[PDB]
Amino acid sequence: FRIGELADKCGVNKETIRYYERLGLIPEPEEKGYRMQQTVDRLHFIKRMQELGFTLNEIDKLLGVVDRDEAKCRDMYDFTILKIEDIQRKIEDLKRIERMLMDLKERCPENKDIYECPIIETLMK
Amino acid sequence: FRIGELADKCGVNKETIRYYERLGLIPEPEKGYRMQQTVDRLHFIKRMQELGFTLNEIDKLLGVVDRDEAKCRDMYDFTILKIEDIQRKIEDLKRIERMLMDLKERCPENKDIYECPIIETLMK
Ligand SMILES: [Hg+2]
Ligand SMILES: [Hg+2]
Numbered sequence: 003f004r005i006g007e008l009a010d011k012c013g014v015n016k017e018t019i020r021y022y023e024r025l026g027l028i029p030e031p032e035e036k037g038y039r040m043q044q045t046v047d048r049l050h051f052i053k054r055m056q057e058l059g060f061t062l063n064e065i066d067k068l069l070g071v072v073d074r075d076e077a078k079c080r081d082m083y084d085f086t087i088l089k090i091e092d093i094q095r096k097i098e099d100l101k102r103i104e105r106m107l108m109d110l111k112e113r114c115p116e117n118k119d120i121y122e123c124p125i126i127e128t129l130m131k
Numbered sequence: 003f004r005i006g007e008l009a010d011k012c013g014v015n016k017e018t019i020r021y022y023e024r025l026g027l028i029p030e031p035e036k037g038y039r040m043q044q045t046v047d048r049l050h051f052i053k054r055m056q057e058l059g060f061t062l063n064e065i066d067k068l069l070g071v072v073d074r075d076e077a078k079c080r081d082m083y084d085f086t087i088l089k090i091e092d093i094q095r096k097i098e099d100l101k102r103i104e105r106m107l108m109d110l111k112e113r114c115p116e117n118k119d120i121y122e123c124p125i126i127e128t129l130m131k
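So the protein sequences, as listed, match chains A and B.
Under the UniProt record's numbering, the residues of the first sequence are numbered 3 to 32, 35 to 40, 43 to 131, in order.
Under the UniProt record's numbering, the residues of the second sequence are numbered 3 to 31, 35 to 40, 43 to 131, in order.
Because the hints were derived from the structure by calculation, they are not lab data.
Treat the hints with care, as some may be off.
[What the hints assert, rightly or not] Computed cross-link-like contacts, SDA-like style, restricted to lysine to any residue with a CA-CA straight-line distance of at most 20 Å:
{"hint": "1", "chain 1": "A", "residue 1": "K101", "chain 2": "B", "residue 2": "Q56"}
{"hint": "2", "chain 1": "A", "residue 1": "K118", "chain 2": "A", "residue 2": "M108"}
{"hint": "3", "chain 1": "B", "residue 1": "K111", "chain 2": "A", "residue 2": "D73"}
{"hint": "4", "chain 1": "A", "residue 1": "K16", "chain 2": "A", "residue 2": "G6"}
{"hint": "5", "chain 1": "A", "residue 1": "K111", "chain 2": "B", "residue 2": "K118"}
{"hint": "6", "chain 1": "B", "residue 1": "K78", "chain 2": "A", "residue 2": "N117"}
{"hint": "7", "chain 1": "B", "residue 1": "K111", "chain 2": "B", "residue 2": "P124"}
{"hint": "8", "chain 1": "A", "residue 1": "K118", "chain 2": "B", "residue 2": "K78"}
{"hint": "9", "chain 1": "A", "residue 1": "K111", "chain 2": "B", "residue 2": "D73"}
{"hint": "10", "chain 1": "A", "residue 1": "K11", "chain 2": "B", "residue 2": "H50"}
{"hint": "11", "chain 1": "A", "residue 1": "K11", "chain 2": "B", "residue 2": "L129"}
{"hint": "12", "chain 1": "A", "residue 1": "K131", "chain 2": "B", "residue 2": "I65"}
{"hint": "13", "chain 1": "B", "residue 1": "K111", "chain 2": "A", "residue 2": "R80"}
{"hint": "14", "chain 1": "B", "residue 1": "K118", "chain 2": "A", "residue 2": "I87"}
{"hint": "15", "chain 1": "A", "residue 1": "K96", "chain 2": "B", "residue 2": "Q94"}
{"hint": "16", "chain 1": "A", "residue 1": "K111", "chain 2": "B", "residue 2": "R80"}
{"hint": "17", "chain 1": "B", "residue 1": "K96", "chain 2": "A", "residue 2": "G59"}
{"hint": "18", "chain 1": "B", "residue 1": "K96", "chain 2": "A", "residue 2": "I93"}
{"hint": "19", "chain 1": "B", "residue 1": "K131", "chain 2": "B", "residue 2": "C114"}
{"hint": "20", "chain 1": "B", "residue 1": "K131", "chain 2": "A", "residue 2": "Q43"}
{"hint": "21", "chain 1": "B", "residue 1": "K67", "chain 2": "B", "residue 2": "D92"}
{"hint": "22", "chain 1": "A", "residue 1": "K101", "chain 2": "B", "residue 2": "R54"}
{"hint": "23", "chain 1": "A", "residue 1": "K101", "chain 2": "B", "residue 2": "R95"}
{"hint": "24", "chain 1": "A", "residue 1": "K111", "chain 2": "B", "residue 2": "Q56"}
{"hint": "25", "chain 1": "A", "residue 1": "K101", "chain 2": "B", "residue 2": "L100"}
{"hint": "26", "chain 1": "A", "residue 1": "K111", "chain 2": "B", "residue 2": "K53"}
{"hint": "27", "chain 1": "A", "residue 1": "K11", "chain 2": "B", "residue 2": "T128"}
{"hint": "28", "chain 1": "B", "residue 1": "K16", "chain 2": "B", "residue 2": "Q56"}
The shape of chain A in the complex, shown without the other chains:
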């Protein structure tokens, strides 16, 4: 149904890497070529998974599994849980950085109009 300049209606710029990577299907040759609906859907799915924090690699694996299995709902459920747990790990890492920044900033004296900043000194060593 669509031509790829169209179908970039999924909010993706004209993307050969996706089918180059097997994620997206190959288009079919119409009046010669060249057109891509279930691909529209697969591309929505992929775009949103990426907005949900799945890497392209993860999406590659996931799609292989769901495509080849009988219980697709179960697969997808499982991967979504693994994703929740991944996001939680990222969150914790950011919290660890926040805490570091906090300790750094708490190093500063009452009078901060000085050349010597314990933050800079600390990060310099």
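Fit chain B with the ligands to the supplied structure of chain A, relying on the hints for placement.
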């Protein structure tokens, strides 16, 4: 004094972009290629990036701190800004996490099936 890929003892591969972008200094010797206060500054830049400052942020920051009398005050302020930036990111991540929790709540008790409500929801 130090040299070259020895300055890559800061854990950064040989980096022209920094000096091109004016972040780092650089000298002529016998004719090295020398570069010590640069060692400190490059440590500083590296660790700021490990703490979530972007290159652009570091660019600005270094401009301000290099030109000001109260450097500590500046660095303190910028650090507060960074903490708050990190906090926004954390909250964005919590929104995504909850989105995923809701998605997974859509799936039926018996999941051995072709139809997945998660996939269907993300498709529309
Ligand atoms: Hg499901
Ligand atoms: Hg300070």
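(request) Would you pick out the hints that fail for this structure and give their numbers low to high? (result) Those not satisfied are hints 5, 10.
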